Amino acid sequence: XXXXXXXXXXXXXXXXXXXXXXXXXXXXXXXXXXXXXXXXXXXXXXXXXXXXXXXXXXXXXXXXXXXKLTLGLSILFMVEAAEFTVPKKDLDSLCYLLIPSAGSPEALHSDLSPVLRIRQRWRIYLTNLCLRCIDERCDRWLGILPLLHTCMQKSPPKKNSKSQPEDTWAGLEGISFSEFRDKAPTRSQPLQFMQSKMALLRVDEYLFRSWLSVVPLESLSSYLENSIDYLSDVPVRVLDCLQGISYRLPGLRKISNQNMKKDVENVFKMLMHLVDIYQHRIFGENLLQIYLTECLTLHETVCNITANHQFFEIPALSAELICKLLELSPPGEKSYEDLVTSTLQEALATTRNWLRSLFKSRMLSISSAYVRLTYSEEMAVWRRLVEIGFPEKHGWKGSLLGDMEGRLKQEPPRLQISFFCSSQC
Amino acid sequence: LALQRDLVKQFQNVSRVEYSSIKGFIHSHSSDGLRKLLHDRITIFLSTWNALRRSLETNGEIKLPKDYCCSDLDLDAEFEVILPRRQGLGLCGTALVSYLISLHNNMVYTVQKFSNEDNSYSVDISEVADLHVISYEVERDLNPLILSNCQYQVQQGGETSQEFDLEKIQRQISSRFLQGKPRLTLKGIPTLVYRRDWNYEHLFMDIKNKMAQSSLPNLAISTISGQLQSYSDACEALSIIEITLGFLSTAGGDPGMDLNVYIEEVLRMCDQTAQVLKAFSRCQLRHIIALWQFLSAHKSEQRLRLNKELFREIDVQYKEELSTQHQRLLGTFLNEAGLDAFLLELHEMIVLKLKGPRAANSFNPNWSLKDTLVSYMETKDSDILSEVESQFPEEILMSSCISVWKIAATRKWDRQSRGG
Amino acid sequence: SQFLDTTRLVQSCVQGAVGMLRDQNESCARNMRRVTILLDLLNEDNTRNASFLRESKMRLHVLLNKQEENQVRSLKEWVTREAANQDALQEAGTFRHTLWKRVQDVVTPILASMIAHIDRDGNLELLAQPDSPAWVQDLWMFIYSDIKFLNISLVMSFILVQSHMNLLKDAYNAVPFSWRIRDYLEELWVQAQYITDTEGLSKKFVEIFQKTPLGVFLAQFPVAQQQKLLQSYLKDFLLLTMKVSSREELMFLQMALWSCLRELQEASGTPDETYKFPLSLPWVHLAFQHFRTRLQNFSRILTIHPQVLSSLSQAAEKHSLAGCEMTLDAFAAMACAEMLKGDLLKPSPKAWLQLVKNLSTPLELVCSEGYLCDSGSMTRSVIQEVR
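Chains as they are written, first to last, in the authors' numbering: chain A, 475 to 541, 591 to 855, 863 to 955; chain B, 4731 to 5150; chain C, 3472 to 3626, 3636 to 3867.
Check each hint, because a few of them may be wrong.
[To be verified] Here are the simulated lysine-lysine pairs, BS3-like style, with alpha carbons at most 27 Å apart: (1) C:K3619 / B:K4898; (2) B:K4898 / A:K681; (3) A:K677 / B:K4739; (4) C:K3619 / B:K4917; (5) C:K3619 / B:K4766; (6) B:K4739 / C:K3821.
[What the hints assert, rightly or not] Now the in silico label distances, taken between C-beta atoms and shown as ranges: (7) B:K4739 / C:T3676: 55 to 63 Å; (8) A:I641 / C:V3836: 47 to 55 Å; (9) C:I3618 / B:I4792: 38 to 46 Å.
[Unchecked claim] Now the stretches of chain B that chain C is said to cover, found in silico as 3 or more residues with beta-carbon under 8 Å: (10) 4740-4747; (11) 4841-4850; (12) 4904-4914; (13) 5047-5059; (14) 5077-5085; (15) 5139-5145.
Rather than coming from a laboratory, the hints here were simulated on the basis of the structure. Note that CB positions come from ideal geometry on N, CA and C, so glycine has one too.
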């Protein structure tokens, strides 16, 4: 009823501090609109409804003739009582009042700070907005994501899972996106928003990460090819691509269908594409070790989610990626020598363990006077994983071929020869 | 001091601080009020530094290098200057606090020397507050105090003289601002210990202070050297004795009756083997430092006689071979020599004072081995120095200390093996 | 998992972990007592020792996981790395004993690094004293089982186990983790002071503490535990904040701060929403922030002229003192002035003047204008007698 009007006017007058002639006159016009709607009133479902109708008329004039941050913040503080139950469609509008349009610098949100000065109350207002409009529209709440990333701390430079999960990295921390990005494929529409509102990436340091954390895996390589224009300006965000892919994989199970194999194949080919477009300017100001540790972690992860022994393309790509980062790296010194040696050691360790994991209990079995491989794509696995080019002074040539020779020599010489002239070798 | 207590409370680590600047440290806090309080305390720190950063270079007792006291520190400076260490770049905060304590204490001392003649009121620096420090202002405290004591005087003949009564001003300053203050002891100065492992010399000094320590019996040496002829047993015995000397550093016990029966099986030790304890059977607790050096030299000479590399942590700076006439003088020393004490003490000096890199800052490999050996033995004034170490060749250098110990130990093993 | 006897492993690493610990050089070094306590309560004789096992193994689990994330993958395979370490194989004898000593060497400094975090100011005796009350061990095992409340970080070395209270001869604390609760409440104080202006700061600080997980643990106690907890936290708060060079000086400062609490709980007229939590740990911090200058003046009086203590020991029996109003600074003032009254010139004519000059500034501060903010009539009457 009209007992929350005194508290609303008091807190809006508190909001008149650290503003300029915006929220106080809004409080006065709200009081005048309430007094105008006081003619022949009704129960408490009428007062909030008429005040929301006046706020919706103000928002219609705010998005029709002049097309606004303070108006959306004030409507957040008004609708904290959740007045828009049947006016749920107004979620299309309020989010539009909160996308920082023409708000391109981060210094601009440093300038539009003090209307939302204290950084914990409007953070939970904006977060309850994001969790609320995440229903069967859920396309515009990403435009809020600049605002509540100016209501929190700086960006974590440490790598994947050594200090932070999904939430601390992407900067969401209240939103259950891990269930939302694994859905029936009817949610390409967010990237359509990300296709148009891409200029918002100069606002944040989190929006690239959070946007990587919302897109489905079948649509992420498109997100990787639309982001070439932004990553041209700032070429250290390839590391954010690697962390955002090594975050999505271990939450995914074993790769079981051809679509998921093709999706992670496109993602790895686009990571290679983004690597060999630019330079070791990707490796700027000595960021190499995090790239190598990140792609070793990505290799260990993506070797653990393939077991079908015909999906060798995916660890093959994740070892060609560590190949590309080692061949495109700048040599200075001895520390670089130790780094490339160690990185190649643990990559071959992961590769050999994966190979001994999915090649089990014999190599070639006959059973019908028709000797053949029991793993029908086994020689393709060995050709692909040996014929990728690491440097010669390291391993990868003696070790993997020695593994294959040891696997073949477990067969009797009558059958080791009979396969060799059976039109499959 | 609130700043430095908070930082010691937060950063009691070594080589861990991942912050470039002070702005990198203030802005890394999630809560805003803690960030504001931290910024205010660092602002007070930097203003007080920039005030005193030339009296510290001259009048302070913490002699700090001139790279520190030359520039005006602002929030873009290094994070290390607000941490209270005692080595480098964090001597700024320690020197500042020491200089303010010296200012306060010399003022309190002059006040007491004048009139009070003694005072035992002395609070610690880990609990100072606003009412323990000499605190005044100049606008609202000293200028009215001086103006109320500039007395005017007009004679009949006609003039107007000003005059300060200096005793009244001394009394009012010494009464309002300087009396009732403690003498701030330097007891709980906030600091980071900056160090992982301090070496065994101070620990052996602590055991020698808390306890009585004698040499091993000649029967006990035979018992220990008989029971752990295996290598793994000697390694286990040395591990146990190192754990127990870590405990007997911070405490003590009866030098008689070693802590086997009353601690090392009833206080849940529960793990050690039989022949190690049968070596330790004929020992007491006045036989711990001697047992440590016996077991360490024993482990090294068993590494020797089984043909393994036997120092491996001492750098190559002290590991070069003797030449011919050097080892002829060594051999004519070793003919008349107490080998079992000489190589024991020499191995002690090697494994305590020579630990690889940056040891030639104090243990130059161009000295004479005799003089540095008798200096190392006279630091703790041993009776082991009384033997044939005065008959050592005075021209053997410290570059060949390891090979002298190998020649002496190989001669000991050849005697006790070819004889019996 | 039954791949390794972890309880026997921890029991074997106890002595090597406590032997890495150093106090602050005069604190009646507690390594033998830590060994005796930790070997008496790393068993499963009870369900209390079993709780200490489950959470000690959980803290080892999380600290070893946080160590292994920065570990490279070649050092993360500890058995394969240990079969190639020829010197460790050769110093341990067999291969089992090599693997077991490797796990000893990994777990021992981590275990030392957590003993240095849950022992300081003598916290392990509250877990190990006979018939300590159930709220003590429940609060101990609550704060110890909470990862983000009590943050343990990582460091053949020396770990400094730093003492905050600097207590008397075996005067270990009475609340389980007094320093951590004191630091936690100061963090909430600075946060609530930044948020709320200085009119509802008491309400906001009490309600912020009641919404927090330690506050909602302490609210589940019945009242007879909460009163014991509040008294013990007054004692530990004064040991953490001030330094008492007596036990009677501690009891007078405890009476003083308790009467300050009861004065601030009667300053507001009739709220009856925040006095629904009167036995709450933020009230100690509120009382000290509102009466800091008088408490430090009173301890300065007890420090300069200690012979007033016996006189206060009469005056308490004259008054049944420390009610609902802070007066101990005033009665210490009056007793010091009465002692200087009776002693005219008796040690010497000079040493009497020395006692007067030593007690000048606290007595002139006590009977001054900006000293007593708002007290009752009887405190001001004692101040008139002191004047």
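Hint-by-hint comparison with the structure:
1. As the CA atoms of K3619 of chain C and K4898 of chain B are separated by approximately 60 Å, the hinted pair breaks the 27 Å bound.
2. For a cut-off of 27 Å, the pair hint linking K4898 of chain B to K681 of chain A is broken: about 65 Å separates their Cα positions.
3. Taking the CA atoms of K677 of chain A and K4739 of chain B, the gap is near 24 Å; set against the 27 Å cutoff, the hint holds.
4. Proposed proximity of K3619 of chain C and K4917 of chain B is contradicted: the alpha carbons are some 32 Å apart, above 27 Å.
5. Among the hinted pairs, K3619 of chain C with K4766 of chain B is consistent with the structure: their alpha-carbon atoms are about 23 Å apart, no more than 27 Å.
6. Between the alpha carbons of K4739 of chain B and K3821 of chain C the distance comes to roughly 47 Å, so the proposed pair goes past 27 Å and is violated.
7. Between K4739 of chain B and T3676 of chain C, the C-beta spacing of about 26 Å breaks the proposed range 55 to 63 Å.
8. At about 53 Å, the CB distance of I641 of chain A to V3836 of chain C agrees with the hint of 47 to 55 Å.
9. Between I3618 of chain C and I4792 of chain B, the C-beta spacing of about 40 Å keeps the proposed range 38 to 46 Å intact.
10. Three residues within the 8 Å Cβ limit are the bar, and the segment 4740-4747 of chain B against chain C gives 3, so the coverage statement holds.
11. Under the rule that three or more residues need a Cβ within less than 8 Å of chain C, the assignment of the segment 4841-4850 of chain B holds, with 4 such residues.
12. With 3 residues carrying a beta carbon less than 8 Å from a beta carbon of chain C, the segment 4904-4914 of chain B meets the three-residue requirement, and the given coverage holds.
13. Residues of the segment 5047-5059 of chain B with a Cβ under 8 Å from some Cβ of chain C number 0, which does not satisfy the need for three, so the listed coverage is violated.
14. Residues of the segment 5077-5085 of chain B lying with their CB closer than 8 Å to a CB of chain C number 0, which falls below the three-residue condition for coverage.
15. Using a Cβ-Cβ cut-off of 8 Å, 0 residues of the segment 5139-5145 of chain B lie near chain C, which falls short of the minimum of three, so the contact claim is violated.
Comparing the model with each numbered hint stated earlier shows that hints 1, 2, 4, 6, 7, 13, 14, 15 do not hold.
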